[PDB]
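As structure tokens, one chain now follows by itself in the form deposited without the ligand.
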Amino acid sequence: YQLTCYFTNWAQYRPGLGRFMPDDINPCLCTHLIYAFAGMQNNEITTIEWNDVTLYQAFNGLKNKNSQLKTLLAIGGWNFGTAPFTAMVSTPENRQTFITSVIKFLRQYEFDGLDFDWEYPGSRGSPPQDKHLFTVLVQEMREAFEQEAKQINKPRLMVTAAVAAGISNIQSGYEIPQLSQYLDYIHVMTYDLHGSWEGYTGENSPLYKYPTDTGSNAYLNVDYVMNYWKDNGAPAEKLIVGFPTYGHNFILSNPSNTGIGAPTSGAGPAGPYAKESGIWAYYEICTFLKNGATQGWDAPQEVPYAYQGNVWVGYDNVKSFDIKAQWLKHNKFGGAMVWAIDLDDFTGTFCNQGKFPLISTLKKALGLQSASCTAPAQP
């Protein structure tokens, strides 16, 4: 199995124990590491943070300690939008320029591949033609990677993509059978399945539907989404299940109603570390529990939740991660991916469950080897 962990280049800005740098990553924890995010200028891949080059060097340096660890650079993200991707894929000449820039960039900084994080072709501003042009882009990238490998006599660079979990976004975004022939791995973003934007409580990454889920709401679970991709042309082994190391919080409209689907009046507060509205990192949730929050188990969906007064959070813990990991194995998917490594309790000081409690759970459940992390009696 694969265990793919996203590192985010903005985690450096968090105060105190929240600060997360490339050197805070245990090199023997994950099989793949992905750096989020790279940008684009004039159809060419670029850095986004002032210190990205320094972070790239530390990030890819981790491979010195693990001979099987592979690294990828993710281009795009939420804030990036769709416009630059639309313009870049619009002509073969722009695509070649991008592809050439990517090969050069990845080889210069010592990455093993590229992860596409276009959110999304065919939606969120992106016109209908982008669905097919994404396939074409990925086809050409794979081909150029294949050719470059023979030119410089090294293993091929990898090409992967993070993809939508929403059914309508999936249907307007991807030509699944053809796209799946070119991508090495498909990172399905099976999280943010519910949030305060809906106006009622719901789980971030529920494994199964809630008993009252009808119609399109019945699609908002890991089980349905992963099976949709499988049934429509993506090889099980290439499909990687999305695991969130954070949850979404809510303000309860009525503190006496604390169930799934209880009315909410807005996003819960951003925490002092991640400072993201309606979101708490797992370690931020542990603080919430330490302050006496009532723990609930959403049994039909196999995920926890917690509440204190008018604040409610839906999230994932060790139990839910293990349950979904076991599920993943029963259904023969390629492994798990994690958003994000810097959101787990990496210090081990918040949750009293060891360092990286959530990602350690996945390493154990997926039976990852550690022989490649060996270190000799040489100084």
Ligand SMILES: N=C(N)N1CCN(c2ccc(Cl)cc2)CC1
Second form
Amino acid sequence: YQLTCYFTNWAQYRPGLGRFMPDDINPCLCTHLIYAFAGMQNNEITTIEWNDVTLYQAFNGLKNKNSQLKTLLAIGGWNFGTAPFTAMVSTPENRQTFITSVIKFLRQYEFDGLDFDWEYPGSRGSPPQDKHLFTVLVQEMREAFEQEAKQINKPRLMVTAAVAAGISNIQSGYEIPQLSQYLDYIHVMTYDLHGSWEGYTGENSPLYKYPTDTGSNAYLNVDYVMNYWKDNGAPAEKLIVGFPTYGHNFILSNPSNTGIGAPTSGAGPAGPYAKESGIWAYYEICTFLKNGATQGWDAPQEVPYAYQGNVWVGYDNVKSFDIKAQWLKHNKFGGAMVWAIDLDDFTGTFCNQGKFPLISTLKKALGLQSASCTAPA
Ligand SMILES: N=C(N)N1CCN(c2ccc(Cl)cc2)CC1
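Given the form deposited without the ligand above, produce the structure of the same protein in the form solved in complex with the ligand.
Starting with the chain above, the whole complex follows.
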């Protein structure tokens, strides 16, 4: 199994114990590390943060401590939008300009591949022709990668994609059987399945449906989404299940109504470290629990939640990650990806479950605890 962990270049700006640098990554923890995010200018891949180049060096330098470790650079993200992707795929000339820049960029800075985080083809401004043009881009990139590898006599660069979990987003975004042929890995974003935008409490990444999930809401769980991707053309061995190391919090409209489906009046408070409205890092949730929040267990969905006063949070813990991992193995998927390494209790001082308690749970469950970890010669 693969254990693929996303690192974010804005975690460096968090205060105190929240600050996370590439050198805070345990090089022996994950099999793949992905750098988020890269940007685009004039149809060419570029940096986003002022010090990205310095961080690439330290990020990719982790491979000097683990000979098996592979690294990828993720382009796009939520704030990046669709517009630069649309303009890039719209002509064959722009696609070539992009692919060329990617090959040069990844080789220069020592990445082993590219991760597409276009959110999404066919939606959020992206016109309907982008569904097929994304497949075209991926195919062209894969083929360019195969040719380059032979000309320079080095291992082929990987091409992977972070993909939607929402069925409507999937249906208008991806030609699954064709796209699956060219992608090395398919990183399914099985999270943000519920949140405050809905107007009631729900889970970030529930494994199964809640009994009250009716109609299209019955699709808002990990099991359904992963099986949708599989039943519609994606090989199970290529499919990578998305694991969140954060939860979504809510302001409860009635503090005495604390279950699943309880009415909410908006997003929960930003945490003191990530400072994301409606989102708490796992280590921020641990603080919530230590300060006296009531532990809940969403039994049908195999995920925890917690509440105190008018604040309710739905998230993942050690138990739920372990349950999901056994499910993953039974279903014989390619492995797990993690958003994000910097959101797990990396110091171990928040949750008292060891360093990286959530990702370590996956490393152990997926049979990677004994996997070789030696510096390259
Ligand atoms: N890819 C996305 N559409 N999303 C998943 C990750 N999301 C997030 C953002 C900030 C923190 Cl601290 C934790 C999670 C932002 C929305």
